[PDB]
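All protein chains of the complex are present and in place, except for one that has been dropped.
Chain lettering (A, B and C) follows the sequence in which the chains are written, and residue indices restart at 1 in each chain.
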Amino acid sequence: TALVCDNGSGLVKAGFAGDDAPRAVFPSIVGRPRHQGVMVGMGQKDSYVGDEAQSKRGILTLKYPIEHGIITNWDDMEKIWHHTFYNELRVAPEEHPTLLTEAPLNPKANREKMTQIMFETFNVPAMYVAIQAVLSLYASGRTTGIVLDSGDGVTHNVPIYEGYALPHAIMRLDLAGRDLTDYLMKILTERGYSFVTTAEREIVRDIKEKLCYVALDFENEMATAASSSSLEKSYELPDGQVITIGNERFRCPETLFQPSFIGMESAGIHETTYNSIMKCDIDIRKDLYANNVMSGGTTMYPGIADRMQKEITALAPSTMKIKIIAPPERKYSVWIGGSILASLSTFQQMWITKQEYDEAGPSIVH
Amino acid sequence: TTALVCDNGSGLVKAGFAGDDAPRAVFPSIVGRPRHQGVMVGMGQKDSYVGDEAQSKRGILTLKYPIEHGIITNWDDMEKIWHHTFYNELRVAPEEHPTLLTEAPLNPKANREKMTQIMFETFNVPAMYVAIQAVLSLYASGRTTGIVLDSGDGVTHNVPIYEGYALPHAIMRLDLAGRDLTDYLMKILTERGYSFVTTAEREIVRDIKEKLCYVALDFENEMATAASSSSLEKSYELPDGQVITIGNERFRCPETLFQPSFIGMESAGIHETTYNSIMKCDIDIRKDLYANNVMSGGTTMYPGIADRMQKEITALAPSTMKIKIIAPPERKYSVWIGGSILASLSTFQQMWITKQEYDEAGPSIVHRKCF
Amino acid sequence: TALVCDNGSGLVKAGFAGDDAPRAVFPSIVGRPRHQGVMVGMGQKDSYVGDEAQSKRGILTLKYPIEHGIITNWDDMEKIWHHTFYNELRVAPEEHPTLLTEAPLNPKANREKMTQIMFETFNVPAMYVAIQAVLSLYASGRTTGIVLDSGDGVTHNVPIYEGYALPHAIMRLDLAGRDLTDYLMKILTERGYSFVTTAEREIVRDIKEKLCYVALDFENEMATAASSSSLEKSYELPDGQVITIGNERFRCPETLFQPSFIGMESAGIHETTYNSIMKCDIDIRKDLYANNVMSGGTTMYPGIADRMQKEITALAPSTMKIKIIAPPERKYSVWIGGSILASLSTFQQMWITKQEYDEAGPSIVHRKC
Partner (left out) sequence: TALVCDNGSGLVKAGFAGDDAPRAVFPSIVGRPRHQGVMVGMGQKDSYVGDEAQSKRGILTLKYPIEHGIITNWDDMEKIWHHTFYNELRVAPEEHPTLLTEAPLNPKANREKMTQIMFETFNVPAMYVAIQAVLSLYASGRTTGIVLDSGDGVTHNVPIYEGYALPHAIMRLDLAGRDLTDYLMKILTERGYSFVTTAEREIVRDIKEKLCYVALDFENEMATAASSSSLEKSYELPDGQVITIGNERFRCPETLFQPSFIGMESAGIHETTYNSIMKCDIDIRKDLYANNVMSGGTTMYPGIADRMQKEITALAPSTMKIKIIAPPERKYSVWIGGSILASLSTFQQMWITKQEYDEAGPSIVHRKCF
């Protein structure tokens, strides 16, 4: 049984092949103590991984091994992979052909190091690395293209025509969920609330998921928010305090369409989708326009499809049909597509085997 | 062999062996010397008296406490107390037993340096260690989380511990304890016409405070009832046959803990100090600190202090939070009980400060090893 | 003329435009008695503001209406402003327009309440609110650079390029002189000295200013302090008692570079400045490195410029040249820059007039500023 391990910047998605939902969806954080231990009872583990770090985040400094789709701390990454295999999956790595998903345009050394560590430290019989965006289209049962994948670290829109991922027409935007969390932390100081440490970042992140939404008309929404109190909501802090946010609800997600809110000179998600499509062939443009796929966890805000539909229609020939696909399972679409691909019997011929890694160069995966 | 535990304090001194349930010897920490002229020669008149010996003959002596506000003041009387504690109360040889000592937080570094020097050069102990009173209090409670309120006789301190990781930046040490409450009761006892100004009569007033004083839930309402009728009045008999009756002084002396301005102190009460300490910690641990409120000390034995603390903290804390105050019936020796548990543990048996390390690094090794 | 009032968290620096030094420099404290008065033949005021509180601090409870740059007690702030205009400056607020300062990344309701009080309680003809960090760069006489403004309240970094304050690279750290004073109070107990009251806090503040300094190397300095007693210095308390500190001198200011000493996860001032520079565009980073303007009172420790120079140099690329600008008069730079700004004729078009507030409410300040 293959293991489809889709590891991202924010969340780690792992589970057996042939299922429909990852078994272990836990944060990708490694925390270490920052205080002085007084009690001698219990060893007081020097490093917590996953939900253990989240529960004890008060006395820990949370760290992210992956920075924007790029692995930074290899030692922390090895700990997380060890935690997923033993503590979460409870299955040995040497008895399963694991499948991994890496971000598009990954450095060759990054992929070789991942393959080398997996084959040696975990002794996996075989492994294959697939593109995150392609699997999202696979889970949707399409081969059209323009798959907008926005997560915690990066935001990509990879076009895949007839199973062929067009490499030149791949646009990348650095703005993602983590930057939206930082933006909300900065503009939450207007009402007096102050969040600074890494533990507060998780608290603010939960606020953004529960309350923040997307407004199709920013100017009209701003006027109504400043003229009425209907938009204001409440959220109880872990220590019992009650906070109230008004126009901050529909302002934080607005950074996706207007990256200038966080000092970014790039284009929005709607403009970077339009630019990517026209870079493809003329015949493909009609195919991409009718079948546009929204994936990732960042695109889970209410009304995101309606705003995106209105935006793309503005930069449209006004005669083609613009349709956006937003499946309800878009948060786990990358893993669901990977699970389907692994379950395919025809796909079982494609696996980078161990002796091909050793008897040949480590670049055999490429 | 067995590791000794000595919980020397400003008031009562607790000593014994690790692994037991209660201290073997509990005697006051006073040293008395004669102040009159001897007339009867050959009466086996001892020079100085310590412990209960001084208390029994306090009428002709001047009782002097060698420890004030947690800090050891006289290093000659203290050596007398330890010598009496080891050779008379415990009847053991210090040369063969390691000793686990105990010190209050936020104390001078020379305090534990002189403790280390005294125990290694005079009593010649094999090993020793210094522990924090509030940490040992949580050891006896059987939990590794919460905030401890340790009010004794010289110092009241709060130490918040979460999952075994203490927070040194949220430790609040207050210098109001039972000694100040006893002195305050003396001033308000003169209000009714009773005068007790001596070292011996200080003990008499202290016994009055323990037997009669209590804490009122509503101070202003309790004032009204005391003035309205005489239902709030109890009598006490002096050691010479006199009878004294007190009224509202019963619940006025313990009120200085919650209203320190009575004795001219600008600091806040114990309820405010605990609340400030909790909110100086992380936001993700405040809920676990609110549920676990540990009280361990002689001062906290008033009939109603748990209810008063619960009411005061409840108003300060938000309505959603649930406040629970832990008041074990045997909290007067919680520090020693926890110290007995800690010394018996096998892990602590490797963290002692052996004699060889001291002899090659001086008395400064106590800072790099102890907490 | 116009009025400039730099309302800090520890000191109040008011005066007139066109001057080189502030006129009134007094602590921002409102003290009230805590004992019971018995002398009938004596004037007993209810509250004392300014230097009067310091003189009679023995029997008073000193209170700061401003904490962490945010005004908490508005009635006390109203008293302080009334004292500043009448008892200290002896002028009429209804005659001179006022220029007030607010720290960056402050609550929106702070300036709304501030402009309401000024236009109603004091009835100023016009007013304006300016960022302290921008005024710090004006005093130094430059347009491009990064400012490290550390005082008694908050410590913030604002990279200003050609007069533009970039809003996406504004850092803010709540560690400053007040937190250093508390740290020195806590670590002074290791030698037997105990200072607990608010009056004792003022005494400790004087000790830190006169004795504490910054060591280029922390570890070798600690070895020197433990090796011999060549670093110990004395200080006479107001009661005539003598205290001595040998290693608390360079340990208290080190909290700025190592905020973990007071249990703070945030990085030091040298790391915060580096992070602010990298958050800017790559085409202006060289200009920001050259112009490192240090302003405020907390940056007055000896050797802090040399220590900051070597800390940023290690973090910065080797090719780049690092220059830490630390003018000797960097304690009143915020007021000096604001004094210059109000004196300029171009700035006179940005005043918020009385009629403008009467037709748009307190919210006019956000649009104008």
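Going forward, a contact is a pair of C-beta atoms (placed from the backbone, for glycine too) under 8 Å apart; a residue touches a chain by one contact, two chains touch by 3 or more.
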item: Where the missing chain makes contact, among the chains that are shown; value: B, C
item: Touching residue (missing chain; options B:187, B:234, B:324 or B:369); value: B:187
item: Full-complex contact with the absent chain, from C:112, C:182 or C:200; value: C:200
item: Absent-chain contact - pick from B:93, B:224, B:238 or B:263; value: B:263
item: Chain not shown, touching residues in chain C; value: 33, 35-42, 44, 56-59, 197, 199-200, 203, 236-242
item: Hidden partner interface residues of chain B, rising order; value: 35-36, 62, 187, 190-193, 195, 197-199, 263-264
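Operating definition for what follows: only the chains that are shown with their structure count from here on.
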item: Between chain B and chain C, centroid-to-centroid distance (C-alpha), Å; value: 42
item: Rounded Å distance between chain A and chain B, as computed from the means of their C-alpha atoms; value: 56
item: Residues of chain B engaged with two or more neighbouring chains; value: 167-168
